[PDB]
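Trainee: Spelled out, the chains give:
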Amino acid sequence: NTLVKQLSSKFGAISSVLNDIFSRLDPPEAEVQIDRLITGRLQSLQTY
Amino acid sequence: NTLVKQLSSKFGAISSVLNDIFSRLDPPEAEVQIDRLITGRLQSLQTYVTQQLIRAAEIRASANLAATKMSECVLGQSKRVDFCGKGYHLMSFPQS
Amino acid sequence: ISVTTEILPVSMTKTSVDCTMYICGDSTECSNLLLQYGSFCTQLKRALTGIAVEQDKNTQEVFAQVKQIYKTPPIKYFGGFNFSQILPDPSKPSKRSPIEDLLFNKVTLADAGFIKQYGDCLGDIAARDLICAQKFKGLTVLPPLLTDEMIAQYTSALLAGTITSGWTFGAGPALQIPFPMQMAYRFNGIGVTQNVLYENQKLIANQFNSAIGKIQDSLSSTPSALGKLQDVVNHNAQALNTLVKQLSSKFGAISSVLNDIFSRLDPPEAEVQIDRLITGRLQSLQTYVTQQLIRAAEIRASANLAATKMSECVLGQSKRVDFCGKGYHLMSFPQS
Amino acid sequence: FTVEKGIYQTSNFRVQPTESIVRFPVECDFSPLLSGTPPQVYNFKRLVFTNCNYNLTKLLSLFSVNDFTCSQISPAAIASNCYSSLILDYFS
Amino acid sequence: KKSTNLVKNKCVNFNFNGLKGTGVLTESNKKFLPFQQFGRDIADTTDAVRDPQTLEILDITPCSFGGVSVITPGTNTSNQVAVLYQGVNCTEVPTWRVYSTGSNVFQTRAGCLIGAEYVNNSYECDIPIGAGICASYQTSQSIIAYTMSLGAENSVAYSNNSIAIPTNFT
Ligand SMILES: *[C@@H]1O[C@H](CO)[C@@H](O[C@@H]2O[C@H](CO)[C@@H](O)[C@H](O)[C@H]2NC(C)=O)[C@H](O)[C@H]1NC(C)=O
Ligand SMILES: *[C@@H]1O[C@H](CO)[C@@H](O[C@@H]2O[C@H](CO)[C@@H](O)[C@H](O)[C@H]2NC(C)=O)[C@H](O)[C@H]1NC(C)=O
Ligand SMILES: *[C@@H]1O[C@H](CO)[C@@H](O)[C@H](O)[C@H]1NC(C)=O
Ligand SMILES: *[C@@H]1O[C@H](CO)[C@@H](O)[C@H](O)[C@H]1NC(C)=O
Ligand SMILES: *[C@@H]1O[C@H](CO)[C@@H](O)[C@H](O)[C@H]1NC(C)=O
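Protein chains in written order, with PDB author numbering: chain A, 975 to 1022; chain B, 975 to 1070; chain C, 735 to 1070; chain D, 303 to 327, 332 to 398; chain E, 543 to 636, 647 to 691, 704 to 734.
Misleading hints may appear alongside valid ones.
Unchecked claim - Below are the DSS-like pairs computed for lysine-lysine, each with C-alpha atoms no more than 25 Å apart in a straight line:
#: 1; chain 1: C; residue 1: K748; chain 2: D; residue 2: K307
#: 2; chain 1: C; residue 1: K779; chain 2: B; residue 2: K979
#: 3; chain 1: C; residue 1: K948; chain 2: B; residue 2: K1043
#: 4; chain 1: C; residue 1: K871; chain 2: E; residue 2: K550
#: 5; chain 1: C; residue 1: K779; chain 2: C; residue 2: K850
#: 6; chain 1: C; residue 1: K850; chain 2: B; residue 2: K1060
#: 7; chain 1: C; residue 1: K791; chain 2: B; residue 2: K1060
#: 8; chain 1: C; residue 1: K779; chain 2: B; residue 2: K1060
#: 9; chain 1: B; residue 1: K1053; chain 2: C; residue 2: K801
#: 10; chain 1: C; residue 1: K810; chain 2: C; residue 2: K791
#: 11; chain 1: C; residue 1: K869; chain 2: E; residue 2: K552
#: 12; chain 1: C; residue 1: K810; chain 2: B; residue 2: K984
#: 13; chain 1: C; residue 1: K979; chain 2: E; residue 2: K562
#: 14; chain 1: C; residue 1: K850; chain 2: E; residue 2: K544
#: 15; chain 1: C; residue 1: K805; chain 2: B; residue 2: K1053
#: 16; chain 1: E; residue 1: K562; chain 2: C; residue 2: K984
#: 17; chain 1: C; residue 1: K801; chain 2: B; residue 2: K1060
#: 18; chain 1: D; residue 1: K307; chain 2: C; residue 2: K791
#: 19; chain 1: C; residue 1: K936; chain 2: C; residue 2: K948
#: 20; chain 1: B; residue 1: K1043; chain 2: B; residue 2: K1053
#: 21; chain 1: E; residue 1: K550; chain 2: C; residue 2: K869
#: 22; chain 1: B; residue 1: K1060; chain 2: A; residue 2: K984
#: 23; chain 1: C; residue 1: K869; chain 2: E; residue 2: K543
#: 24; chain 1: E; residue 1: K543; chain 2: D; residue 2: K364
#: 25; chain 1: C; residue 1: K805; chain 2: E; residue 2: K562
#: 26; chain 1: E; residue 1: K562; chain 2: C; residue 2: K869
#: 27; chain 1: C; residue 1: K805; chain 2: B; residue 2: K1060
#: 28; chain 1: C; residue 1: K1060; chain 2: B; residue 2: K1053
#: 29; chain 1: C; residue 1: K871; chain 2: E; residue 2: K544
#: 30; chain 1: D; residue 1: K364; chain 2: E; residue 2: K544
#: 31; chain 1: C; residue 1: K984; chain 2: A; residue 2: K984
#: 32; chain 1: C; residue 1: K1053; chain 2: B; residue 2: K1043
#: 33; chain 1: C; residue 1: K850; chain 2: E; residue 2: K552
#: 34; chain 1: B; residue 1: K1053; chain 2: C; residue 2: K1053
#: 35; chain 1: C; residue 1: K850; chain 2: B; residue 2: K1043
#: 36; chain 1: C; residue 1: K850; chain 2: E; residue 2: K550
#: 37; chain 1: D; residue 1: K364; chain 2: C; residue 2: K779
#: 38; chain 1: C; residue 1: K869; chain 2: C; residue 2: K779
#: 39; chain 1: C; residue 1: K871; chain 2: E; residue 2: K543
Read the hints as simulated data drawn from the structure, not as lab findings.
Input sequences plus hints: build the corresponding full structure.
Mentor: If you want it as structure tokens, here you go:
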């Protein structure tokens, strides 16, 4: 349950939905937010 | 000690003081520095917790062995070789 | 009379790491940016040193039981019993028994001994051997404290003591006793009167010799029979290979070469790339260290069990069910 | 200030290099940019360079260099990388 | 651009056809191809090179390195130390840490020891060096290195009809 619930976290990004980031902001700055989100999810998996 | 000594690292930020990071610049680019500091501190805490868990497991194994020795050598007489001292076991006495 | 076998891991491979060469290499600016971090490599060195000393402690605890060196008498007659398949063989230059040779030729190590000394990986020899490739990133493998010529001596001393003095050498001075009387003592121990042995000595000796020959032959014609001692080597090699291969990742940076980030660009935007690479490599090192810690704990548990079995089954007779073999226990013999 | 009997680890050691090997071993044309009327933006004129040695400051010194803005590259680093692959579009 | 001389057999800054770095190079037995100009390895590292001018194959091997260990008997007793260079033939080392070597160089299987004398006796292991070699501080006093011993030697007088029975306890 903790692993499932952890999916809804910003991790310092602009949004938690991959569609909302790929809709308004150009890729050069979207890459940073996606990198932060992916790093956070990797950390969650490693701890689990 | 290590944990406390981990509080004097800016983790690539311009400074390691929250008030200094907040001031002297615009908060939108202060957020990245704040998140860098938060991630560093969280990583330090996670490492500390993991090492504590491993050490706790080791101590638990030692405590189980001690309890077994107290049950067998002290409360009775054991024929297991070299379990309760070298030679032919006669009796054991505990001390704290 | 049945003779069974039991295999137990006792130790793993000692390793050392170096952040200065692995993380950055020959770049001083990356070294300064790593020094910017407080302390993320003292802990790794301390943990690896602890594991390295723990391995030697495990081996010493398991094998260094008796602080004496007993020798079997020159005349090898023990009432018809025939132990030539476990006692040392003087013919070979190595002093290993004819059974230990089978156990040594069925496990493929990485590099027996250490003759590299950064003098063998010369020219095309480097980057083809796995050992050189690992050694050229900052990872080294330390040799064990006790060589293979001392564990054999320890096992030979234990065998000579247990076949010339019974179990009396594990609880004080060693007292000799003829073997066909030690057999009677053990038979009386399990609950059978001693005249059975004195009337069936020849049959018992023949059965024992047949069992020893059977296990000697069957230890070879078998698919693996030694997976426990191969898994440690395979796991160590796999972990080191993965750690080495992790360097090729980009971790979101524009390039995977440190010389194309410090140069070929400007500092204010190269700092981000260098920070990303450093953080990724540090996280990889942390994962490797944690995995090593867990595996070391498991190996320690196995070594403690092996030490208990050596103390109880060999240096005495055990009444615990299914502990030292299946059936009514008579004795055991160790091999490395 | 006091240490006990034993063996400890200290700073590592490295063998430094001594000399420097170098065994590195043309003048492609810039004329089409200088020749002809520069077209408009929707009809930009492109030149592809390959296997040649270029000279940027020689061409730019002739003109009046007003502004220079880049992405994933800088003017400092634009005169340092290898030939690789190079395409220049000029327009009015 | 320009060109310089070609040296070999000494680990120096190489710059074969642009590619920079460091490493020692020796002879090799390997075949490139007329369209092949650059080597690689199992982990994305250059192994061999073809001369851009002379058109033959050499290799690449970074200079030697390793850790450094200091063996001391304790500052309370004395102030002498010995230095162990892990995994490096010291007939081939002569930079970091100490810039000055000395005498009494002993070659072991775990590196080589500087400042310790090798004897032929056998005592118990005091400071573990490795590969069966130990070190100690003893008598004029100095640091010595030896091979550890396993214990005393005795043989049990096994015989056809002989048994030893104790007569007293403790
Ligand atoms: C003890 O076991 C060894 C091993 O089987 C016996 O040695 C064999 O002896 C026969 C007859 O001389 C030879 O044909 C075999 O080649 C020997 N085996 C080996 C491995 O050399 C030995 O006879 C047995 N008994 C004694 C008293 O030594
Ligand atoms: C068994 O050993 C003990 C220990 O030495 C002997 O006790 C000694 O006996 C003589 C008597 O004069 C002396 O050497 C000491 O006074 C005794 N020592 C102690 C600690 O009491 C004992 O005599 C031995 N038993 C036999 C039967 O010889
Ligand atoms: C060290 O180098 C010399 C070179 O003459 C060689 O003979 C020697 O075997 C090397 N040392 C070891 C331990 O191989
Ligand atoms: C030790 O042994 C070697 C070879 O056996 C010999 O050359 C040397 O002189 C001996 N040293 C001493 C002190 O006995
Ligand atoms: C005594 O030992 C030797 C061993 O070769 C031999 O004389 C005989 O087998 C044994 N038993 C006797 C003599 O009763």
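Trainee: For this structure, which hints from the list above don't hold up?
Mentor: 3, 6, 8, 10, 12, 14, 15, 22, 23, 25, 29, 35, 37, 39
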